[PDB]
Each structure stands twice: as structure tokens, then as C-alpha cells.
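Protein chains: 2
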Amino acid sequence: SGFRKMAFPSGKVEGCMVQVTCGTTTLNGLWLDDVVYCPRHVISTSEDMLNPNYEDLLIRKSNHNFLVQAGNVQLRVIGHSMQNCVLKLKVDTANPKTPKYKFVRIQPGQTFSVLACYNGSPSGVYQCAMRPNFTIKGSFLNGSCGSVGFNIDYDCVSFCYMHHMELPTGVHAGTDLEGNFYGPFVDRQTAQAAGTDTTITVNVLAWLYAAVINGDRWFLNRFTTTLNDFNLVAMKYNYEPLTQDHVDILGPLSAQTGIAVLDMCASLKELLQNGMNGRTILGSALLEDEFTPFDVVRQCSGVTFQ
Amino acid sequence: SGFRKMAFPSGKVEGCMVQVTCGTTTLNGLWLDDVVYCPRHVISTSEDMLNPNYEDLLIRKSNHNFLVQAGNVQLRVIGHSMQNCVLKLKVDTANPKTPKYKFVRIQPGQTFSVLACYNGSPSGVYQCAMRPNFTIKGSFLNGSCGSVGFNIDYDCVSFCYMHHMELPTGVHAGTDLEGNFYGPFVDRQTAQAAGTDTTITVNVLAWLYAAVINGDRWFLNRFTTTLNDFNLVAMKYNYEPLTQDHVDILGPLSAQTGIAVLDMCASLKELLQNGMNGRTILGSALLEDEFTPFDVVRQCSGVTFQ
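Note that the protein sequences, when read in sequence, are chains L and C. When we follow our numbering, the leftmost residue of the first sequence carries the number 27, and every step to the right adds one. When we follow our numbering, the leftmost residue of the second sequence carries the number 27, and every step to the right adds one.
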């Protein structure tokens with residue numbers, strides 16, 4: 027029983043974390059088969075231009091200008107490349123602890139586990155979600171650049187995020203490991219807007235189903251309605267519109283305890299006009315929106331990763 | 027920048043998790059140098075859970091009885107003993123993944139990270155705390171016994187918990203690695219409700235400081251309160267008594283933020299009677315008591331002006 031905010035076991039990712047230094051800038055890097063992946067802004071943030079020119083900053087650099095350190099033993103760089111935001115340092119030594127991995131880009135509403143690293147040493151692991159404004163509300167300090175977010179599929183660390191910079195709002199932005207930034211962001215230091223953040227309704231519905239799996243119903247009432255009878259309600263309460271594809275993926279959770287996904291929406295509506303404040307909703311008062319339907323199944327079924 | 031419920035990297039613990047099977051019961055085990063630590067009750071039988079005589083059952087079992095698997099490879103047991111609640115299984119193969127470790131018994135209110143495992147493979151990692159009633163609020167399904175809780179100090183895993191049972195109220199009970207339960211619990215079939223969960227005051231005070239170092243200062247403290255009269259209101263609100271030792275550990279956060287320990291106590295009273303009315307302390311509407319002062323300093327490492 028119980029329901030916590032779980033994160034994936036980070037063991038397979040801890041063995042890939044190295045330290046990348048170019049000049050005086052030092053951040054983290056991901057050591058896959060024989061390539062080290064790190065944000066490209068390790069090559070130009072020592073002279074503090076506020077607008078680095080990464081196209082010409084890399085041509086001058088040679089292989090010996092970089093310094094990849096795998097904890098203790100130094101790594102030889104035998105080639106460098108840049109894929110639109112990230113630096114690929116070709117290394118001579120293949121990482122023996124490379125797991126099965128794949129690069130995948132996530133959509134807003136998806137969740138992943140972040141491994142905060144400093145100087146190549148992992149410090150903590152936490153689970154977060156990709157907000158609709160293409161930002162993440164994580165916990166990063168200076169020197170955490172290069173930290174990655176990931177999921178696991180039976181052995182397969184699907185990397186989906188790499189931390190690049192922090193927005194003035196306090197939220198954090200980054201790219202996928204192909205390089206493309208999540209949202210309209212640039213790796214330069216110019217001030218950029220965070221965007222409009224909306225609570226994820228599809229994750230809220232899944233979270234409410236997790237309460238009735240371990241068992242706390244406490245709100246199921248008031249005249250089950252249809253899809254469009256809740257989209258306009260979400261507009262007023264800052265929540266995002268609910269699509270039918272969200273209902274489609276809410277099937278298994280509805281096909282376990284509840285009657286229909288439509289029934290869950292009606293009870294959620296009263297949770298907006300009214301507040302609990304006397305009995306927590308299985309973890310707290312405020313509604314949590316960082317639990318995808320796929321995360322609830324994983325935690326309630328005890329899925330492991332070998 | 028940012029504050030989240032992070033857990034320690036579970037990489038070093040995953041390398042110590044094995045699967046222990048005793049005839050018909052299967053749970054997890056902690057594979058240290060040449061001893062596999064798993065909860066006793068693995069040798070017990072469903073028909074004999076009324077009042078198991080573990081000493082009598084341990085004699086009936088031999089080394090060939092215990093089936094220890096480190097993934098796909100079997101470990102041969104060459105001895106079996108019992109530290110009154112755990113089953114030390116002497117094995118022939120020394121674990122090469124053993125990190126520097128030590129068995130520590132934590133006090134109520136201290137936090138640790140839990141690596142939930144099933145059939146010897148990890149499922150997820152999350153952060154929780156030992157509640158004052160000597161129970162934890164975790165997420166465990168059947169077969170999670172043997173999952174351990176731990177902390178890391180820069181090179182060393184401090185094992186402090188091993189999961190044994192789930193109480194009927196939804197909370198979980200376990201032992202230290204030396205085989206001693208936290209609280210009035212035994213591995214039998216008696217009721218064991220464990221009673222009256224209490225809120226941790228030293229942790230919530232630290233959590234209130236975390237909001238200060240992240241852009242939340244609207245819980246202004248006007249007056250102050252001494253050590254005793256603070257406990258006058260902390261007995262009816264069901265809060266852990268605050269001691270001068272708790273003030274000493276809160277010293278570094280008091281100096282870093284400039285708010286005195288006694289001053290912050292008076293700030294809590296405004297949030298109690300008046301409620302929220304839309305007030306969210308940086309992460310939720312309710313108070314969080316699973317952040318020790320050490321966790322706050324660890325995560326948002328500020329500076330102290332003196």
C-alpha cells in the first residue's frame with residue numbers, strides 16, 4: 027500500500043557521468059559508448075560575452091583543449107562535434123558501464139527522473155514533469171549543467187533531457203540529447219520568458235485514480251458528465267483543456283476501480299469549487315499533476331528494471 | 027535554485043540487492059561482503075504466523091534451503107545465523123560491488139532514501155522519514171520485504187532500515203540492519219496499529235526556512251516565543267516538542283537566513299488558525315515535515331554573513 031513520488035533507480039546513469047572541462051568552465055557530461063555528451067556552452071562561458079558564437083568557438087578548439095575526467099582516470103578526446111546545442115567529445119576509451127539506451131524527446135506532461143550531478147559526481151535523484159511551458163521545476167545549483175533526465179524500459183535508459191540554463195523565474199530549461207531545446211529557448215544568456223504554465227489535467231485524473239487504488243475515495247459524487255462539460259471549467263481554474271486522447275490513456279485506470287473516465291472528471295470538478303483542507307487527498311491537500319497514467323501503473327504494480 | 031524531495035543516488039545500493047527464496051517465500055536481500063542480510067520471516071509459513079518460533083524454524087532449515095540469486099547467477103549458502111530479526115546468510119562468493127558501508131540506527135524525525143525492490147531487482151527510489159510513532163509512510167507492495175533505506179556521506183552508504191511489514195493503517199514498519207524493530211513491533215500476527223502519528227516540528231521549521239531561501243517571506247514573524255510556551259500550543263496541535271538540541275541543529279539555518287529559531291516558531295501560529303485562504307508555501311498548501319535541517323542546507327546551500 028501507499029503511494030510516493032518515486033524516481034527510477036539511477037544506478038545505470040551514475041556510471042555514465044563524467045566531468046568535462048574546457049578552459050575554466052567545468053560541468054557534467056554523459057559518457058555513452060565512446061562519446062561524451064554535454065551542453066555546448068562549456069566552450070564560451072569563460073569570457074562572458076552574453077551572446078557566444080558557438081559556430082566559430084568550436085572551430086578553433088582542438089581535442090586537447092578539452093579535459094574529460096571519469097572520476098579519477100582522464101579520458102583522451104579524439105574528436106569533437108556539435109549537434110545544434112550539445113557537444114559530442116569522441117573519446118578513445120569505451121565506457122564499460124554503458125547500459126542499453128536511446129534518445130527520445132518527450133512532450134509536455136511527460137515525467138522523468140533527474141540525476142543532479144556536480145563535478146561529475148551524482149548528488150541526488152528526483153522525479154519531475156515537463157511543464158506545458160516547456161520548462162521543468164527542478165532543484166539545480168551552479169555546476170549542475172550536464173545533468174540528464176531519463177526513463178527505463180526493462181533495461182533501457184531512455185535519456186530525454188539535459189540541463190543547460192536556469193530561467194529568471196527560477197524554473198530550469200534544457201535540451202534533448204539530440205540538441206533541440208525544449209521550447210523557444212536559446213543557450214545564450216539573454217533574458218527569456220518562462221511562458222504560461224497550466225496544471226496537467228490528464229496527470230491529475232491519474233493521480234486521483236491512485237487514491238482509489240490503495241483506497242481513499244472521499245469525493246466520488248455529483249452527476250458524471252461528458253468530455254466537453256469540463257473543458258470550459260478548466261479554463262477558469264487555470265487547468266489545461268482535457269482531450270479525448272487523455273481519456274483514451276485513462277482507460278486502464280478507469281477499467282480497474284472506477285466506472286468510466288467521465289465519472290472521474292465530475293468528481294474533479296467539485297474539487298475545484300470546494301477544498302478538502304481537513305483530509306488530505308492521499309498525500310496532501312493541493313492536487314498533484316506530475317503523475318502520468320503510466321507512472322501510476324508502474325508504482326501500483328511493482329514494475330522492476332533489470 | 028529550486029527545492030524538491032530528492033533522494034540519494036541508489037547506484038551503490040542496487041549492486042547489493044539480491045533475491046532470497048526459502049521454500050515458498052521470496053523477498054529481497056542485501057548482499058554485503060560475504061553475508062546476505064534479509065528479514066527473518068522468510069523461513070516462516072503462512073500456517074505458522076500466529077506465533078512463529080524462529081529459533082525452532084531456523085534449526086529445521088539448512089544452507090541448501092535458502093536460494094539466493096544475484097540476477098541470473100545463484101549464490102551458494104555456506105552458513106545461516108540470526109540477529110533476532112534478520113537472517114545472515116553466509117555465502118561463498120564475495121560481492122565485488124560492496125561499497126563502504128555501516129549500519130546506523132536513526133532517531134525518529136530523520137529522513138532517508140528507500141530503494142523499493144521486487145524479486146531482487148529495484149523498482150524505484152524515494153525519500154521518506156521515520157515518523158515519531160516509529161513508522162514510515164512508504165510505497166510497498168507484496169514481495170518488497172528486504173528493501174532497505176539508506177543515506178550516503180560522500181563515499182559511504184549508511185544503511186538504517188529494512189522493510190518487514192505493512193500496518194493495517196497503511197503505514198509501514200521495519201527494522202535496522204542489526205535486526206531490531208523501530209517501535210513496539212514484532213514479526214507476528216497481532217494487531218499493531220501503533221497509534222497517534224505525530225507531526226515533526228524540527229523538520230517543518232527547516233522546511234519553513236527553505237521557503238525563505240527561495241522567494242517566500244510572507245509569513246512574517248511579529249512577536250517571539252520562548253521554548254516552553256511554544257510547547258504549550260504544540261501539544262494540542264499534535265506537534266513534536268522542540269528542544270534546545272533541535273535549536274542547536276537549527277543554528278546554521280538561523281544564521282544563514284538571519285531569522286532566529288524562536289522568531290520562526292511564532293511565524294507558524296499565523297498559518298495555523300487563519301488557514302491558507304490561497305497561501306501556498308512554495309510547494310503546497312499544507313506543511314511538510316519530512317525535511318531535516320541537514321536536508322535543507324544540503325539542497326539549497328546558502329552563505330552566512332557574519
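These are computed hints drawn from the structure, not numbers from a lab. One or more of the hints may lead you astray.
If chains are identical, the list can't say which one is meant, so a pair holds when it fits in one copy or spans any two.
[What the hints assert, rightly or not] No more than 25 Å apart at the CA atoms, straight line, and that leaves these computed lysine to any residue pairs for SDA-like: (1) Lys123 x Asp59; (2) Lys87 x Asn303; (3) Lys116 x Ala96; (4) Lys123 x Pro134; (5) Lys163 x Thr283; (6) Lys295 x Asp181; (7) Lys163 x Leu253; (8) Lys163 x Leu288; (9) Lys295 x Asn77; (10) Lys87 x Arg243; (11) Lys295 x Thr124; (12) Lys123 x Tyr80; (13) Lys163 x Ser27; (14) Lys123 x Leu58.
Against the structure, the hints:
1. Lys123 x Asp59: Both ways: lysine 123 and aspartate 59 sit 9 Å apart in one copy and 22 Å across, limit 25 Å.
2. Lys87 x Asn303: neither (59 Å within a copy, 53 Å between copies)
3. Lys116 x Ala96: within (14 Å within a copy, 34 Å between copies)
4. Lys123 x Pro134: Neither way: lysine 123 and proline 134 sit 30 Å apart in one copy and 38 Å across, limit 25 Å.
5. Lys163 x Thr283: Between copies, since 23 Å is at most 25 Å while 30 Å is not.
6. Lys295 x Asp181: Neither, since 40 Å and 49 Å both go past 25 Å.
7. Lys163 x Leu253: neither (29 Å within a copy, 35 Å between copies)
8. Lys163 x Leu288: neither (29 Å within a copy, 31 Å between copies)
9. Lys295 x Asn77: Neither: 47 Å inside a copy, 49 Å across copies.
10. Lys87 x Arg243: neither (61 Å within a copy, 45 Å between copies)
11. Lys295 x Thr124: neither (47 Å within a copy, 52 Å between copies)
12. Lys123 x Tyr80: neither (31 Å within a copy, 41 Å between copies)
13. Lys163 x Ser27: between (27 Å within a copy, 9 Å between copies)
14. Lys123 x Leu58: For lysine 123 and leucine 58, both the intra-copy (8 Å) and inter-copy (21 Å) Cα distances are at most 25 Å.
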